[PDB]
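What follows is one chain in structure tokens, specifically the form deposited in one PDB entry.
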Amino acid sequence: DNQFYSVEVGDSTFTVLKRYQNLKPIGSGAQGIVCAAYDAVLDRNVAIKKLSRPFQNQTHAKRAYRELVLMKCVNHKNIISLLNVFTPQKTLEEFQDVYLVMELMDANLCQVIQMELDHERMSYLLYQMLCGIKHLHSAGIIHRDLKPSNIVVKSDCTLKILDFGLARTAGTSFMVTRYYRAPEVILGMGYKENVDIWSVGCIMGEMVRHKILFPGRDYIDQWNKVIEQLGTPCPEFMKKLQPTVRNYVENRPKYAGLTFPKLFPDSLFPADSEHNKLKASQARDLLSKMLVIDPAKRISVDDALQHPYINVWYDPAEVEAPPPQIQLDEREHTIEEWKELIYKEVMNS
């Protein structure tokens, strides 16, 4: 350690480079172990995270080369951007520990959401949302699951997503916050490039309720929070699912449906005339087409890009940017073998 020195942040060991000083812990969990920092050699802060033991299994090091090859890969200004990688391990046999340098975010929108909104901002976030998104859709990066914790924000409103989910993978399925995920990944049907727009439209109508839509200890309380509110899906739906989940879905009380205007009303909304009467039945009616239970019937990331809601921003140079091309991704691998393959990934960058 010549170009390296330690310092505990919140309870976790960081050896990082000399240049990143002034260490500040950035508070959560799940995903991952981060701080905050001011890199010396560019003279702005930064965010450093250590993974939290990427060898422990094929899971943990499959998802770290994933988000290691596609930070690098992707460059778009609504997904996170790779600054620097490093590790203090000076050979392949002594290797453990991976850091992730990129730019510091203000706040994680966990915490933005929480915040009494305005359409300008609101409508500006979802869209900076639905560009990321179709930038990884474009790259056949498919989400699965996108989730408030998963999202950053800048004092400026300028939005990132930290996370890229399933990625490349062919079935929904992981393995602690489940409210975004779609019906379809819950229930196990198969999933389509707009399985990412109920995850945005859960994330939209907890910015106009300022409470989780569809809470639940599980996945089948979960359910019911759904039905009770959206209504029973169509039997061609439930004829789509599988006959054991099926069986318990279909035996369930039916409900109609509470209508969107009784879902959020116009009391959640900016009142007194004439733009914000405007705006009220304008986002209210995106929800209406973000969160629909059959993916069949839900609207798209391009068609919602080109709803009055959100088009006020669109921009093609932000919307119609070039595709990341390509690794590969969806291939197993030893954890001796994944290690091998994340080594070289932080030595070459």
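Here the rigid core means the biggest group of C-alpha atoms that line up within 1.5 Å when the two forms are laid on top of each other. Numbering follows the first chain given and starts at 1. First, how it differs from the form deposited in another entry.
- Residue showing a CA shift of 2 Å or more between the two forms (rigid core superposed; candidates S28, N311, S300, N45): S28.
- Taking 2 Å as the criterion, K18 does not count as shifted between the two forms: its C-alpha moves by less than this amount when the rigid core is aligned.
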Given for the second form:
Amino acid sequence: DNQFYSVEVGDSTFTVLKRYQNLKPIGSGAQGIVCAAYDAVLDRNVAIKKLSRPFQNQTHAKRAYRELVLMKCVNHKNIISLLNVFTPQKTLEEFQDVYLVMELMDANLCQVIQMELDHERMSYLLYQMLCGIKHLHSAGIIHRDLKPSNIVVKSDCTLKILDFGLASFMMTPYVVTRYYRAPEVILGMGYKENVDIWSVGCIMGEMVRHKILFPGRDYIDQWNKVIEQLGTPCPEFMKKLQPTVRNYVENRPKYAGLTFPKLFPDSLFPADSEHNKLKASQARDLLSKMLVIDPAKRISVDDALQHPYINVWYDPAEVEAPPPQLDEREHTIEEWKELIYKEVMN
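Cool, the form deposited in one PDB entry is there; where's the form deposited in another entry?
Coming up is the bare chain, nothing alongside it.
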């Protein structure tokens, strides 16, 4: 008679509704554990993420409350949608965990980057990323923390973006990934819409190079790998920095920056036919417009969707979407509990 049952997937206890059967682990981020299962009601396979007590601290509660509201507020083919929310607990006092159900995908973008892709599939994945990004901007949402681990794909090359970005001490052993954050985020300078274009550039470069473009233990090593490859930024970008961080960055050794045919040689691109030779140059051209330190010179999302390497998928009903207030604050763990609990009850 109990409409719930408990399964032990790895070390986490998955207490889900009886409609979800055959639970199997598929992924693991930092906010919860994800499982695949068969939804006996909808007759389809779903992905279930379990958020263990998200009100336990401010970082977990701010992120959980954020993505819980936006996923019923924003819809798109390239932005993941909510299928069902539930908690096995009955009252606010007993409230513990939140389970998010979404349509099951086939792989992470990290698994796809490890593969060798043609120009058709690379351009299509990059087209779907810019479509969902522009819908986020159309809804007044800027990500600033795009990364392959939060992007899922299917075998038919369909792409969807999992999370909604940044708004922070972490009491956890798992470290966050910062290799894809724009220089303005690395140095704290303020941003516009095109801050996510940089993250697209690091991903697109990684699909070609099969190596993290700007690795490092901290922002100290990361900014080094940026200027050692793209070059020391121009003084107009310099003066836009805060005086403290402007001094440190200006005091670094000056680099001319390697050219883009050198950062991405032709041997890394499908270059056997004439059509493949042209697409390799168009791809490298999009890398040149996206991977630039200065945001004022950086290409925008709308201009990237019209780039020759991308606009082969251009379709008006697919690019844009309707545009659908502001709940940013600081609460206690008890206040955060009720705020998240009522969002689950809806």
